[PDB]
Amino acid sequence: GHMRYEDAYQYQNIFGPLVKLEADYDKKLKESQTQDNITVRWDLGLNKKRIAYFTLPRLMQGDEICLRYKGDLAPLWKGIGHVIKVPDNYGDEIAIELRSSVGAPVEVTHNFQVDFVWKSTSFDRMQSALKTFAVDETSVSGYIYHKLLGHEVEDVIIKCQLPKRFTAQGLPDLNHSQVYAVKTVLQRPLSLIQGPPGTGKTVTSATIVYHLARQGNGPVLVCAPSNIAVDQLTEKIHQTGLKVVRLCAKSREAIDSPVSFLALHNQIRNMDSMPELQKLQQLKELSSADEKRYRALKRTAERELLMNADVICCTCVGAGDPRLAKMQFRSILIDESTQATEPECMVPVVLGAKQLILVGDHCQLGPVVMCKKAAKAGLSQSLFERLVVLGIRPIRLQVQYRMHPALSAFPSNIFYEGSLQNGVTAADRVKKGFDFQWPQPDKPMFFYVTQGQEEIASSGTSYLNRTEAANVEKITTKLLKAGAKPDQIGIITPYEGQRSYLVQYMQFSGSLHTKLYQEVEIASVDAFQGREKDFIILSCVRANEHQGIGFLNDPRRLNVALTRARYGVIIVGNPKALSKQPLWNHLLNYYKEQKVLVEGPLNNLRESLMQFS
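Stick to the form deposited with the RNA bound and return the structure of that chain only.
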């Protein structure tokens, strides 16, 4: 009440089809193909796999593609394979390794076609989770089943042994609201935690997970929708001194993060287990009988590290990973759950949840749903928000400990009805050893006006902006020269195109300060929700005469972008395009009134008189 489901079968019959809409739509939307006139060069790898090389008049490493032969000089043929080489410093040849070496039409070279194959794994796991919820009644407790379905059911009290102290060593001393939040959550089967940015939702989550783990009843499962949110929580949990295993996507095994040392795939390789460490050093070959012992041993190692972990951390979709099947979790916490669709949250939930904690802020980013029809039918509504509408009262945090009061003013008043209070002062937020000259000494922020125009990026739907990129670099140098360390600086931008451009431009050219720049985080705004830096630089990218600003129209995205910094925020963008949207127009006027809308050379900034719509 009011939204109710008779049972989990009806529930699946509603969300199952929604997920299918979104899946089918994304597939159609992300799938592209060449003309059927590609010329192929055939070869064999050293390992005797079959390879096709070709040039293209926008693929990425590891992509899956279908190669079709459409000519008449051999039987019609199609084969699946994956990109093992893209155009680079060795040449413009794309190479793909085929799954199956035969019977490829290696005697012909013309009249081929290349289709990019959209990967369906993430939606498969959501469909699969929905089915498990409906068919297997042991996948969640009777209580949680009834609560999730909107049934009336008496409140249940979990009678655990409460800790001596709620606040946990290694983490900040909890304030009264966080203590209340921890103490209360431990005793309920279902809890929602809510609060504006930087109120310690993740700190509080880590403290809860710590106590649930110390109950000694098996590993706690901990998730978030995006890899970066999972990593924040993982690091905080690690600080409590617990044994944490970060389970990563197979496709991310070569991505570098500050919690890489906790990644399951890395822990296994640092194990002894000397034999398996030998078969790994060997596959780094491909022997088929050797792969049998490799796998068995690997399964033995994964089983060991996972079963003995106090906590397992992974994305919501990652929870559906085959390595975790046949595992059950009594206690599950999902951080930044408001950024996920409900079927995405259900992925970890159906692993046997008897106690479930959801953390969120609906004023920050929601899930990505490209199919407007599906979004409007409800796929856009998170589980956290449905439960709020159903009457579950969230536990609230309201006092912020991240940012200088001047950074919190606009977001607090605009997004949170002035209810975001400050737990730190201006004096708590003067960087020691930092000799930077702010336009307004008392306001560590400014919007740096940048004339320019966006370009469409390699991908075809994303944008970049070369002028802003240039200024981002200048500003970064200025900050570094003022005394900021690389790791105290973060650069965020809403677009992937701009993110990638910045990586190449700052980190992989020959720049004099390349080694410094490489220690500087660059990321999309969306990925960075949940993370914080001392100093943030935001590149807005959009800059055009009559093409709009795209998803910059979403207030949630600006909110996240404005609330990542502790000590200072510098915004780089073009007020001309931004001003056309009421929200950005208001942020621009706000900065103008604060005298931090500026122009000119960095060492000699002047207010921008420039007028905008």
Second form
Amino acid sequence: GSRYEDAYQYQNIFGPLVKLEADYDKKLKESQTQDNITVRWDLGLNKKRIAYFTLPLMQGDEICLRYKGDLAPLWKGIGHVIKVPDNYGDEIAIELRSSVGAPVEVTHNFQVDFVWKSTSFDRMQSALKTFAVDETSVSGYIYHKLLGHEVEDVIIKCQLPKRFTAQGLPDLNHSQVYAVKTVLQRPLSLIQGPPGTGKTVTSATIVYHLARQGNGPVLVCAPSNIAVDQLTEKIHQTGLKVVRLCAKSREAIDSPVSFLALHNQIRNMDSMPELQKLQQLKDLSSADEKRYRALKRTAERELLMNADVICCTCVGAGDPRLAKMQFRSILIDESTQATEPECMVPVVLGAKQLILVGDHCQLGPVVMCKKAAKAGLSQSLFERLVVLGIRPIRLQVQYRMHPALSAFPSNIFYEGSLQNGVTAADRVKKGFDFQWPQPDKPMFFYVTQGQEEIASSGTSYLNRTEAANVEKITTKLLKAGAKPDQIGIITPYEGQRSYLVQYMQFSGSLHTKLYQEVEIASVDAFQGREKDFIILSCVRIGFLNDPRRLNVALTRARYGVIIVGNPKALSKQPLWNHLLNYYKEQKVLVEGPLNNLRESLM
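Show the same protein again, this time as the form deposited without the RNA rather than the form deposited with the RNA bound.
Only one chain is given; partner chains and other molecules are left out.
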């Protein structure tokens, strides 16, 4: 199978895969350069200059603004993004690191360059090298297991808790008790967590018990900053001392766990007086600067080494500030959303016990370079271990959706093993006068008989008439009660996206402020997320090709899903024909005007 004979071969194969995607990312980013750009200058209340502009991306990313004009400036300046193009406008916004000599005077002939950073790629490469050359990087049993070698099982002989539920978190259910129990006694384990089944509550519980033992700080990571914040919050609810490690650039940002950030916890220490004043002084002196970094370093080191838990994105585990720290226990949440070299960044920090939590029946790792993806980069560590025979313990109680919405996804994607920790009356809105075709089934496939073109732009599709019908659905949910920001429109094409945002503006029944808050995106953007109501626009790639994309799209909703597509055309994909026939049995493949809904017979 996907079995390696040693770590040198393992590096020999994954290392090149990382190089492929690192340069692909580089070239791509360099090709995003645009010229003849109009700017709009401003001044934030911090005195840091902000610059606005539109282009023919993610918060924190660095852009490089160059003025190339006839006048006597000719200036370069780097800043970081603070607003990306969304429902408000196609505009972008950056804040300059040093606004001393910014040409606020001019505003016409600028060039924008997206600054490529090697950091993540360098750390993945370095991680692989460590896995080959440093034998202290993983226990040996872990080494044999990751390489697909057949070694006898091992049981960790820890002190088991009498009660598995942790202080401050919800009461564990049977599948979760089984998972936390089993996992504390195994040097390596996978937990599969279907939508809403308590991946993060469970993870948080496991770290509680691993931190309640006589060993060092638990390392806890995840691929996205969002995923790490959510786990950081839950760990904090259990009374443990947690430290959130932020990337230097992202340090400037406000989350629900901003007080937990290391750089903030340092800006508040009674034990370090001389440090406080120096930070309260650059509001810089050469001799004061050497004392400031020596102290900041001393402080980081204390908070880090005496924390019960260090929370970190996978790539962020390579942080220098975590220099020469080993971590006995490591847990990676949302792990099936990382590439294997990404996960190995934390793993090689001395792992004796590893727990991967994720779901290989939902979306996999994002991989730009197609050639690297097909060669193996798109398979997560979690998935490869499953292929090698490591069976995941499954969390089978879902606390997200109306039992009706869970039926189809559970049956086709989860061997019908799921159970509902919420009932129908737990997920029915109050005073909500939006009448469904079938009262106790908050769902229906609206039969839209609409045409699809290829809007003059490039290679992207859009269903013009389907977009109109989705607007009507959205208008009905809003004037029936539902808040705008609890309505998600999911579609597989960027053409439908752009056409939808602009169609709910040029000619919508209500003002563009209600629709501005309605989030429109592909399934990719919606992973690990939920809304009360989900409208699906299948304009005829995306959630109609990959079985896993359909699973994710059908499990975002809490209170109701409404699919809008052409039944005749979608029947071509096998998965959709089954979906359509099932909606028909439950009597929710409806047709006609929204206000007098009936029942199709196609």
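Residue numbers count along the first chain shown, from 1. Think of the rigid core as the biggest set of C-alphas that the two forms share within 1.5 Å after superposition.
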Where does the C-alpha shift reach 2 Å or more between the two forms among 329, 495, 133, 210, given a fit on the rigid core?
-> 495
Would you tell me if residue 113 moves between the two forms by 2 Å or more at its C-alpha, with the rigid core held superposed?
-> yes
